[PDB]
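Participant: Please build the complete structure, drawing on both the sequences and the hints.
There are 2 protein chains.
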Amino acid sequence: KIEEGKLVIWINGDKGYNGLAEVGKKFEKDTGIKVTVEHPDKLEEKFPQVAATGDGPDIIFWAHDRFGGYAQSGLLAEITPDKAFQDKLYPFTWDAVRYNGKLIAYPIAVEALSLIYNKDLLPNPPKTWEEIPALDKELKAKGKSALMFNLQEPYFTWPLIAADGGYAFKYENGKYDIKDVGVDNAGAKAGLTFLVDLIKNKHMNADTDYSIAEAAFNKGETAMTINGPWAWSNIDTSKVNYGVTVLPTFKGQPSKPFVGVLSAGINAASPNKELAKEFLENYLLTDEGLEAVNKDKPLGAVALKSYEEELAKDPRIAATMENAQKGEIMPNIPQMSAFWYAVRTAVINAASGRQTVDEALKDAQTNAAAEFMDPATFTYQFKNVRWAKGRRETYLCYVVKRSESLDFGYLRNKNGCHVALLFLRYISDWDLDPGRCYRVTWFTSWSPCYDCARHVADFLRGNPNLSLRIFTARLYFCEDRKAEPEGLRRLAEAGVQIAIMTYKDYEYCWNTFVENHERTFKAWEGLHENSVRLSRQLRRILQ
Amino acid sequence: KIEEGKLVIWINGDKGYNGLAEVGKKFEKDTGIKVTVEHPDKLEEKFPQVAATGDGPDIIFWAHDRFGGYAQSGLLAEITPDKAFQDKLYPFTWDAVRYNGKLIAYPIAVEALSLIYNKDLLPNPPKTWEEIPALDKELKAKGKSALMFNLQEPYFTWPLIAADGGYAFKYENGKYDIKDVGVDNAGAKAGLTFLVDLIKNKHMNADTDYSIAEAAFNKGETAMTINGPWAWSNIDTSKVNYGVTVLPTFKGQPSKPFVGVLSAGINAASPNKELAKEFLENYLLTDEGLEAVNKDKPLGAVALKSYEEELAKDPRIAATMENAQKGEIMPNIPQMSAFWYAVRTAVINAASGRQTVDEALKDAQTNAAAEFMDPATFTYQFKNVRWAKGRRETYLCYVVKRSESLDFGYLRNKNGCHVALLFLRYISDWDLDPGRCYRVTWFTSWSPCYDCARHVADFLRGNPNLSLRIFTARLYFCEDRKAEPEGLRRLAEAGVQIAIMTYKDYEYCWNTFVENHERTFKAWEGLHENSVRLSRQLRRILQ
DNA sequence: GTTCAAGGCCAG
DNA sequence: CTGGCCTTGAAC
Ligand SMILES: Nc1ccn([C@@H]2O[C@H](CO)[C@@H](O)[C@H]2O)c(=O)n1
Ligand SMILES: Nc1ccn([C@@H]2O[C@H](CO)[C@@H](O)[C@H]2O)c(=O)n1
Ligand SMILES: [Ca+2]
Ligand SMILES: [Ca+2]
Ligand SMILES: [Zn+2]
Ligand SMILES: [Zn+2]
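In order, the protein sequence lines correspond to chains U and E. Numbering-wise (my numbering), the first sequence opens with residue 1 and increments by one. Numbering-wise (my numbering), the second sequence opens with residue 1 and increments by one.
Treat the hints with care, as some may be off.
Note: identical chains are not told apart, hence a pair may lie in one copy or across any two.
[Said to hold, decoys possible] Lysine to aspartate or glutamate pairs mimicking EDC-like chemistry, simulated, CA-CA at most 16 Å apart:
(1) 140 with 221
(2) 383 with 529
(3) 170 with 328
(4) 127 with 322
(5) 140 with 458
(6) 200 with 433
(7) 88 with 287
(8) 6 with 278
(9) 140 with 433
(10) 297 with 14
(11) 137 with 458
(12) 137 with 429
(13) 202 with 433
(14) 25 with 38
(15) 219 with 458
(16) 295 with 22
(17) 140 with 431
(18) 200 with 431
(19) 202 with 431
Simulated from the structure, these hints should not be mistaken for lab results.
Facilitator: This is the structure in structure tokens:
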């Protein structure tokens, strides 16, 4: 499917591909290996599919966060560049290409938020958030705002929050801890409450989105806005005289934006891994290669030290690199999705004032965080055998998705409330945006009883955006051959996909919800026999 | 429009009207004069309009504060009850129905804040505010707060503030002094700093509102709350065992809640003024009449001495009357509105810590306190004639309303700062809530110049909730007769209603902003002639 | 003395 | 087979 002696490179349309193609022409001139660069559409989507088939490009350029998902699917070769080459680039950029303890791509370019101020309105920008209210009151008298940015999305408000002891997941020796989230913290609450103190006094109306702040800053209304290089071009045509500089410091500590690293990764299916490493290390990652790419379309800051020094002569790019070094690498692991969501609401609720700060942040932390089951508890509660009728507690492992896999976890029995009802209360306390459907998956020790089938099927009638599937280990009946079969048929009428957990489902649960301590799943005796038994009884019930 | 030999009575819906109707039935049984009681909606709003047309009710029941606004519009008949009858009611209640030196209504009922405590948690309530922090530390150990009330509104926090030499306006014999405000005082600062000392140690979280404190007290969390009789019914259904007692004393002096007096006023347009006085003096204001009204819906404490003694057997009502006698009558004059606002913010800014105490209180006092303009200075500075070009200070009288007339005053020239810019700095230092529009009115010696016009029109672009109208005595100029006209046309574009002061405007200013010593306005020669002349030049300028 | 995981036997 | 019922070894 994929050739030898030929290099195929995939790069997005907004990044300069003509300069990269000219680099490949230099590589072909010197070596004889012909290089072809392509800028397809949705290549961040196209690449996983074509690569799962042993096809696709030899090299893939994209932001480093997606590369973690590519690395979990084994689509990326491991690279071991000499430490003599690892120096050549800034050290923190090599951490963005590290997944599960091994390097999966080459750092190329750097992006991060930075402070954009009006030089005419502000000849000397403030170095601290603490000076912002005062400044605003002086500029609210000329009909101007001091600062406006995209307060809705968490990528923009997060730097102030994380400036003081705030973080998503602690990093260590090239691996994140999904169990630990610094969303709830003294300093995170300090930054968020400072934000709220700005919006209460209406230094920021709190309804500000990206376009309201871009229209505001670009038409001369606001003196400062927090944004990245992606928008620079616009401000250059607005004729506004401006500048980029360090994001202000809260409590004296630098604020921490989320750094995105444009990276070049190697397809694991490629026979040209070494050809690729030679091209990347000796032709792309040079002053001449990155400059040739840059003249076509900007790269922002670059990871290559020498060329980054040549580019820092631009004060804007210098600011980008400075805020990047004072910030934190945007994590590449899956749980980050559940993070964004769990934060995207928590700031908004604390912004409008419809929820207090510590409530929004505690709810955010416990939402986007790990809770893992026990192994002995799981093995005991989920055994599908005979003689399992003597089990009382029902356990329920859940996954909420849309495909963005949001929160996951497990619930158990508590004071007469069967688990299904507790999940109804959990997903009800959790707000919903009924313009988008959600796909909710259940893994239950016992299938729902009649009361649970009726309550759940009703909840499903009322929120028709939700679509539920239920995998149960065991079929529950009290007063056999009357009620629960009709209840399960009632959930069937409501369109609930009811299956009985097969072996692959027990693997999924074992590696998804349980704390296995890297232990392989161990099937007990009679698992498959009881599974096709119970699935037979179920096919007898519904149909 | 309004009948003779018939009495029509207006009373709010929350006050017992069936008992009052039975009193009117007794009056009809004795005299033959039929009495009809009605409880319309927004009768406090409906009454001024219907009465301005010589219509409406014969008698109106409402809190005494609104009656001052009815008295200024001449809608209330003056009453001269014999001293023998005035001795029947408590003397301080007669000061609440006194406006501009003459009685306008009959006192009926009395309301005031009182201390409500949990008898189970607190068998012996503290008599002094000084004991409150210690008691809180003892109850913070059982999971309870000692005291929680509505710290947002000034009606609730004012008793402690005024406990030591604090007051709104000094009252010399039924007459308030708008020029004197005791908001800034040694004892006022003592009470406010003690409140801040309670919120720094978090004996009160300072975000507490009326409903947070009612839910807290009624669910058993807090041991004491400061409230009035309006909420008693709720605490009765909460099954909480409680009591009402004296508000605690600060520095040994009784704290001063604001006393509200439910009053019965006579419509000045009624031919039945004497029928009304007979019904009120001999049928309503009796033990039998007030008891008949009370059995239907409670009146709280009453102004009639004998029946008040009969009701004091209820220790709650006795507490209400005691705090009322130790408090001060809530003034009925218009400036009280500027008072509430100027105080509502001043305590909040001193509560959060975003403004020091003496700053919040000095800003509050100078905010809500009259400030009046020398007659000679006004007459000199506002003369519209010719030969007025030789005047170089510019004065500006302002009114800020929403309807709701907040602060008024005048402003003048400074070291190169024209007035308009000084007013921009004043209304900027004054905070704004950009969810509500404000209507600001100007009265200026000179119309704004080009720099003024531009700065003001910009301020209006940035704060689009403000709507400005400018009345000017004179039109200003400087060579570029071109400009002073284009600047005024730019303010016209911004939506500023520009008019030139007519005679009625001079009357308004003369009786609103000037210290006239009760002297009628004296127009100089050529006022009207120069007025239509300048108005002609202005029409010629804008259109 | 007791409660439970597990498994087998027998009668529908 | 599916469901009902005893035996057991072994664990608090
Ligand atoms: N869907 C279901 C059905 C049943 N159960 C368990 O069975 C008992 C009902 O009497 C309950 O004690 C309950 O533990 C459950 O947990 N979930
Ligand atoms: N709109 C205006 C215009 C002018 N002025 C006062 O009049 C003088 C004009 O030179 C100036 O000295 C200035 O003080 C003013 O007070 N307000
Ligand atoms: Ca969770
Ligand atoms: Ca004032
Ligand atoms: Zn159930
Ligand atoms: Zn001016």
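Participant: Look at each hint and say if it fits the structure.
Facilitator: Results for each hint:
no. : hint         : result
1   : 140 with 221 : within (10 Å within a copy, 43 Å between copies)
2   : 383 with 529 : within (12 Å within a copy, 103 Å between copies)
3   : 170 with 328 : within (11 Å within a copy, 60 Å between copies)
4   : 127 with 322 : within (14 Å within a copy, 57 Å between copies)
5   : 140 with 458 : between (53 Å within a copy, 10 Å between copies)
6   : 200 with 433 : between (26 Å within a copy, 9 Å between copies)
7   : 88 with 287  : within (11 Å within a copy, 98 Å between copies)
8   : 6 with 278   : within (13 Å within a copy, 108 Å between copies)
9   : 140 with 433 : between (36 Å within a copy, 13 Å between copies)
10  : 297 with 14  : within (8 Å within a copy, 73 Å between copies)
11  : 137 with 458 : between (53 Å within a copy, 15 Å between copies)
12  : 137 with 429 : between (39 Å within a copy, 8 Å between copies)
13  : 202 with 433 : between (27 Å within a copy, 8 Å between copies)
14  : 25 with 38   : within (14 Å within a copy, 95 Å between copies)
15  : 219 with 458 : between (52 Å within a copy, 14 Å between copies)
16  : 295 with 22  : within (11 Å within a copy, 94 Å between copies)
17  : 140 with 431 : between (36 Å within a copy, 11 Å between copies)
18  : 200 with 431 : between (24 Å within a copy, 11 Å between copies)
19  : 202 with 431 : between (26 Å within a copy, 10 Å between copies)
In terms of the numbered hints stated before, the structure departs from none.
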